[PDB]
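A single protein chain has been removed from this complex, and every other one stays in its place.
First chain written, first letter: the chains are A, B, C, D and E, and each begins at residue 1.
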Amino acid sequence: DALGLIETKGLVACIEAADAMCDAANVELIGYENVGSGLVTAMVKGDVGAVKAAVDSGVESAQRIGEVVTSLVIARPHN
Amino acid sequence: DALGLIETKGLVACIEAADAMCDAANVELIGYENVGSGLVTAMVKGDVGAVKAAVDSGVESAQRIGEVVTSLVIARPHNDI
Amino acid sequence: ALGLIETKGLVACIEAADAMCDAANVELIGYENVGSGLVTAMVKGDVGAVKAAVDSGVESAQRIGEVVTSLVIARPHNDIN
Amino acid sequence: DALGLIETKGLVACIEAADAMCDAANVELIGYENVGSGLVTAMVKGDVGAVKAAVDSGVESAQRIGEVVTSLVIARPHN
Amino acid sequence: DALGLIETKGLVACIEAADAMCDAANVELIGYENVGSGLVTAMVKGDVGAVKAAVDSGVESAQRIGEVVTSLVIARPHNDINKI
Partner (left out) sequence: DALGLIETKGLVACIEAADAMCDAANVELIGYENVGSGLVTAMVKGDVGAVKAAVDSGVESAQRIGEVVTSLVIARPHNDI
């Protein structure tokens, strides 16, 4: 199904984005990824509609406490 | 129970934030996390009241010696976190 | 043939990899991360398919993030690891 | 026992800070810690008075050859 | 045996430098080191003549796609270096 991503500067903003994503819609948190330079990504999976709602909520909440670098929804991601 | 987080620029400010958190309330220091660009986070667990008091004290103390980037208290963290 | 796109940040890299796979008959080998936010996506296929994939991946990744470098190696040396 | 910390940009400035700390007062060098991004911390232990003297001397000496990012004395660290 | 080194800003320029080095002469790719701030080094070994040719080719090719920070050939590395 669809993939939702939120990349923030700092771990705390990422945890807030992931918490908000799970509370907003029927999505499953796959995990976190850290590529250095403070860039932390939270990844969720679910139906396109749930993932779009999750990413929107996650971005809004994370922005309140930290910097959201990028966000993306891939409706039909290749394996 | 509740999760308390303080993210600082540099290790020394993080150690001060963690020391202040443990001294302020009945919370347990889970550990540290470092995501690069000098961003270091200290994490504690306990009842929401103890965690709120710990985070408040940790932020105030760490700010005196370094930069606090972010702080957060999650009363009931999601199972997936 | 090997196709490479290095970005600043993971999300731009995932977008570059998604665009590469959708543009031509190439296989995503994987990702590589050397820190400092530098993330590379690697694809394999015929030189024509890989050139088309890299072009499309760069164009789409640039719309959401910074593409640091891109490269097509038509015939990689065995020692390339 | 009090904890003395000096965080520098670079390892050489940190080694100079640690050498100066040990020569200034009756403190023991516990070790060095590195969190990446060139941030290196030297940690000493001893009585609060010895640790304050050590940190002051370590900062002054390290600044002559490199950048001191932060310094701290914790008179009674949590166990 | 001589040691050849090329340090680039980023992994992709480094891959290009290492690919070019192996294609240019009879050298063996030992591997790579990464020390942060995006600095990636590719290391080769062989006779001094093969290593000089490999490094020259690797630098020329890598520069076309990225930044080459430094390059070096050590004709007879010190015994203490051989540990790394």
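The definition used in the following text is that a residue touches a chain if its C-beta (ideal position, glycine included) is under 8 Å from a C-beta of that chain, and two chains touch if they have at least 3 such contacts.
Engineer: Which of D:2, D:5, D:18 or D:68 sits in contact with the chain that's absent?
Structural biologist: D:18
Engineer: Check each of E:2, E:5, E:24 or E:62 against the chain that is not shown and name the one that touches it.
Structural biologist: From the options E:2, E:5, E:24 or E:62, the contact with the absent chain belongs to E:5.
Engineer: So that we can see where the missing chain sits, which residues of chain E does it touch?
Structural biologist: 5-7, 33, 35-39, 41, 69-72, 74, 77-78, 80-81, 83-84
Engineer: What residue numbers in chain D mark contact with the hidden partner chain?
Structural biologist: Its contact residues with the unshown chain are 9-16, 18-19, 22-23, 28-29, 34, 36-40, 65-66.
Quick note on the criterion: only the chains that are shown with their structure count from here on.
Engineer: Taking each chain's centre as the mean of its CA atoms, how far is chain A from chain B in angstrom?
Structural biologist: The answer is 22 Å.
Engineer: Could you work out how far the Cα centre of chain C sits from that of chain D, in whole Å?
Structural biologist: Those two chain centres are 44 Å apart.
Engineer: Touching two or more other chains, which residues of chain D qualify?
Structural biologist: As it turns out, chain D has residues touching two or more other chains at 36-37.
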